[PDB]
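One chain comes next, on its own, written as C-alpha cells: the form solved without its partner chain.
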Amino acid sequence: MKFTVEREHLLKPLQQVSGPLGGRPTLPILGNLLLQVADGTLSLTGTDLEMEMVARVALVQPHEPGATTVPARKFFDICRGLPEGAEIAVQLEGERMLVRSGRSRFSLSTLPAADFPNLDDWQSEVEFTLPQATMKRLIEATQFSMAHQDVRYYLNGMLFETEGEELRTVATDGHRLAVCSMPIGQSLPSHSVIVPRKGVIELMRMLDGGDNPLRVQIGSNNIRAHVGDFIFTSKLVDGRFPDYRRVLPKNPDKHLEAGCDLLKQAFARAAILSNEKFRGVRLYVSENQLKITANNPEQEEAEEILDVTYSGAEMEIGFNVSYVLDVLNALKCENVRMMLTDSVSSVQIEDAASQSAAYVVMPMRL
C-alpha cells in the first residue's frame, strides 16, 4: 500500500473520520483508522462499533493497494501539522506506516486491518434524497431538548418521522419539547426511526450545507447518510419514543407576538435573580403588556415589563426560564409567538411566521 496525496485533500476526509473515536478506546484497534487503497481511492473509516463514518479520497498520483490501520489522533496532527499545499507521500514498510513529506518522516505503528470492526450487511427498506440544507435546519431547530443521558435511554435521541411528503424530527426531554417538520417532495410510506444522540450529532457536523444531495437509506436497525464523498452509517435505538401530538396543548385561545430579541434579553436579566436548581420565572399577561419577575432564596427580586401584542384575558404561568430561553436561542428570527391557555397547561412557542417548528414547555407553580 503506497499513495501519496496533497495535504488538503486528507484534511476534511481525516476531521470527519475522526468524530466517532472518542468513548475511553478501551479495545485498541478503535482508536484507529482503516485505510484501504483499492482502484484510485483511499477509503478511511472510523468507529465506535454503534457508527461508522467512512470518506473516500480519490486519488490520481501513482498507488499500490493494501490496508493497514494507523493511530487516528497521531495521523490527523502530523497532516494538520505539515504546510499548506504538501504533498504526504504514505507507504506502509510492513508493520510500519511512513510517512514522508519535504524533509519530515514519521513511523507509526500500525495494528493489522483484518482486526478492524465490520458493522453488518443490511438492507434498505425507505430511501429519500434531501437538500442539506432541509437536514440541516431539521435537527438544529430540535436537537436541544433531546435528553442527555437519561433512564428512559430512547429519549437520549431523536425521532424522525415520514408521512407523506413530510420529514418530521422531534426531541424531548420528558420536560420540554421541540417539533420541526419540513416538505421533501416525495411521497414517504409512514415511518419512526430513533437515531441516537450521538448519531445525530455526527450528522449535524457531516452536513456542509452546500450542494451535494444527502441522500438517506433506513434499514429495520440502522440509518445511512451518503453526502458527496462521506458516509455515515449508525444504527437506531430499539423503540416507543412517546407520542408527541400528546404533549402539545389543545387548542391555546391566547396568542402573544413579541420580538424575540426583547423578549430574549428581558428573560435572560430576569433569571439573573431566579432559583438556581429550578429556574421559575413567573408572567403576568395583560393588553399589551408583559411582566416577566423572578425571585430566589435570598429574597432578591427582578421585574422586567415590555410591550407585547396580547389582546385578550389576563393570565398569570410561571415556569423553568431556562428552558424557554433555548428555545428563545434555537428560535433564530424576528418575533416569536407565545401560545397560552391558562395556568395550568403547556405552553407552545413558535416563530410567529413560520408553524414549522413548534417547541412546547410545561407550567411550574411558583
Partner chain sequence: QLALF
Second form
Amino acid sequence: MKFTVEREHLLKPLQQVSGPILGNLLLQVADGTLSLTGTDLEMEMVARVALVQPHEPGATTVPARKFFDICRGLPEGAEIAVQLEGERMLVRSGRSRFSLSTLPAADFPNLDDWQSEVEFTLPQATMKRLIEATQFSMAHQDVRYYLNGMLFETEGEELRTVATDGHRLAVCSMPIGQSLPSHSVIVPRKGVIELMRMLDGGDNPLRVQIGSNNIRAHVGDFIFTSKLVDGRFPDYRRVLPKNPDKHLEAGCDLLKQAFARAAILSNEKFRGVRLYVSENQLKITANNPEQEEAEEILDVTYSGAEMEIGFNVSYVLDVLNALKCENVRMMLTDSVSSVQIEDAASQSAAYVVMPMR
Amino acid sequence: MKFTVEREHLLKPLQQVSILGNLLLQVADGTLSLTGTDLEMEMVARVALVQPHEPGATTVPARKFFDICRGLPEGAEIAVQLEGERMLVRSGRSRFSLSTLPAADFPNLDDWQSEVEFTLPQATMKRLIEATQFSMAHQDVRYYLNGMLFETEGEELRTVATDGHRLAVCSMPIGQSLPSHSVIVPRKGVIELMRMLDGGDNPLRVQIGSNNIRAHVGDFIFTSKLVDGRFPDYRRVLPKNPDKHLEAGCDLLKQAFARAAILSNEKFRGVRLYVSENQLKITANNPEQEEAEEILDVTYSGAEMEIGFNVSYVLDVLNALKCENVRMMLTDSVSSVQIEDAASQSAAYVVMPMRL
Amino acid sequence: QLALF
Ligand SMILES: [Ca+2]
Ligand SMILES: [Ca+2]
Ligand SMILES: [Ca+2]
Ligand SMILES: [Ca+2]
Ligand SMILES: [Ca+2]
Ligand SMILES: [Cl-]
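Please give the other form, namely the form solved in complex with its partner chain, since only the form solved without its partner chain has been shown so far.
Full assembly next; the chain just shown is listed first.
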C-alpha cells in the first residue's frame, strides 16, 4: 500500500472519519481510490479520496487521532507520501517523517449488510435546517432510549424531524419535491451529531437511504451509516394545542433578554418563572428560596383573556435561541396546558413546552 | 444609599471586583466604591457619580448583581436603592430585588506600611507577568513556587517563575532607582494583577510592604498578601557561558516540535536534538515504538552535539515567545538550555536536559 | 414541571 496526496485533500476526510482497533482508521487503496473508514460498531463513516498520483493497492489500520494530528500539523500545501512497510505505516512530507503502528485490516469490523427500503434526495441546506431546528429538544440520557434521538419522518413530499425530552418538543417540516411513502425512524443522537457535521455548506445534494434497522446518508465523497433506535416515539400531533384562543406576538430578542434577566433570580434547580398575559402586555416574574425577585414588563400584541402560566425558563430560552427571527408567535390554552411557540413569519418549525404548576 | 449609573460604567468595575460572594458597595463624596475580597486579596473600584445620589453602604451578591447589569440593554440607566434588607435595582421596565448583608460585616485586609514604591507603564508590568506566568507551579507543597518573584535591582523590575522543573525570567528597565528587594506574589494575585491592566495610558503605581503588595491603576486598586517564603535563586539555574547558538524561525521550530510531540512519551514528552552545521534534526519515540523525525535549516556553526528535553516545556516557551526568530543557547548533552527571542535578551527561559 | 405525555 502506497499513496501520495496533498494535505488539503486529506484533512476534511480525516476530520469526518475521526470524530482498540476502534481507535484506528481503516485505510484502503483500491481501484485508484483511497477509502478511510471509522466506526464505533453502532455507526460508520466512509470517505473516498481519488488518487491522481502514483499509488499501490493494499489496506491497513492506523491510530486515528495521531494520523489526523500529523497531517493537520503539516504545512499548508504539503504533499503527504504514505506507505506500509512491515508492521508500520510510514508518513513522509518534506523532511518530516513519521512511523506509526498498525493493526491488521483483516480485524477491522464491518457493519452487517442491509437493504434500502426508502430513498430520497434533498439539498444539504434542508437537512441543516431540519436538524438545527430540533436538535436541542432531544433528551440527553433518558431511560426511554427512543427519546435520546431524533425522529425522521416522511409524509407526502415532506421530511420532518421531531425531538422531545418529555417536557418540551421541537418539530420541523420541509418540502423536498418527491413522492415519499409514510414512514418514521429514530436516529440516535450520536448519528444526528455526525450527520449534522458532514454538511459542508456546499451545493452538493445529500442522498438518504433508510432500511429497517439502518439509515445511510451520501454527500460528496462521504458515506455515513447508523443503526436506528427501538421503541415507540410519541406523536407530535397529540402535543400541539388542539385549539388556541390566545395569541401572543413579540420581538424574539426582547423576549429573550427579558427571560434571561428573570432567569437570574429563578430557582437554580427548578428554573421556574411566572408569565402574566393581559391586553397587549407580558409580565415575567421569578423568585428563589432566598426571596429575591425579578420583574419584567413588555409591550406585546395580545388580544385574548388574561392568564397566568409557569415555565422552566431554560426551556423557553432554548426555544427563542433556536428562533433566529424578528418576531415570535405564542399560542396558549390554559395555565395547565402546553404552549406552542413559532416564528411569526414562518410555520416551518413549531416548539411545544409543557408548563410548571 | 442611592445611585443611578449608566450600565457601561458599572461593567468593567464589576468585572474587576469579581459574604465573600458579595460585593461591598459604598456611596461617599460623589463616588461609588465597589470592593471584592477572598481574604487573601482585594480589589476596589471607583466610579464617579454625575447623577443625583445619596450616601450609604451595603453588600450584594456579586455574580447576580453582575449578571443583571450585564443582562440589561446597551446604554441602560441602572437605578439602585437600599430598601430594608433588600437592594432594589431598576432600569426601564425591569425591576430586581437582591438580598443584602451588612456593610459592617464586610472583611478588611489588615493595615500595613509601604516600604518600596515605583511607577511604571502598564504595558511593562503586563509584559513582565505574561512572559513568565505560565512557569509558575500549581499547588505544589513547596508553597513559595505557587506564585511569582518580583525583584527590584538598580533601575529594573524583574519577574521570575518556576515550578521546580522549568524557569522563566523577564527583566525591564523602569527609569527609577530602586533598592535591592524581592517579594513573592501568590499565583491568584498575579493573575488578578494581570487582568486589572488594559495596557492603556494610565500609569501603574506599585507599593510593597513586608507582607503585602498594592497596585494602583486609574480607578482601580488591587491589594494582596505576599507569600511568606524563600524563592529559589534564578542565577543558579542559568547555563554558564553557553557557547553554541542556534537560530531559527520561531514558527518553523514550533511546528516541527509540535508534529514530533505526537510520537513522544505522553507522560515524559522527551525529544532528541541532533545539531550540526546549519541544520537541526528532531526525533521522538514512544513506548509503542512509533517514531517521528523532523529536519530543518537553521543558523548554527558550533560543535556537533546531541541533547534531549521535555517538548511540552519547549512548546510552552516557543508559544510564549511569539516572535520571528528564536535563539537556543546550548552547552552539551548534560546541560540545561537557555531559550530567548533572538532579538531580545529581556526574557529568558531555562529547560533541563533529558537523557533519552 | 408537568409531563408533555
Ligand atoms: Ca495490505
Ligand atoms: Ca411542522
Ligand atoms: Ca418563580
Ligand atoms: Ca448606547
Ligand atoms: Ca524515522
Ligand atoms: Cl529549575
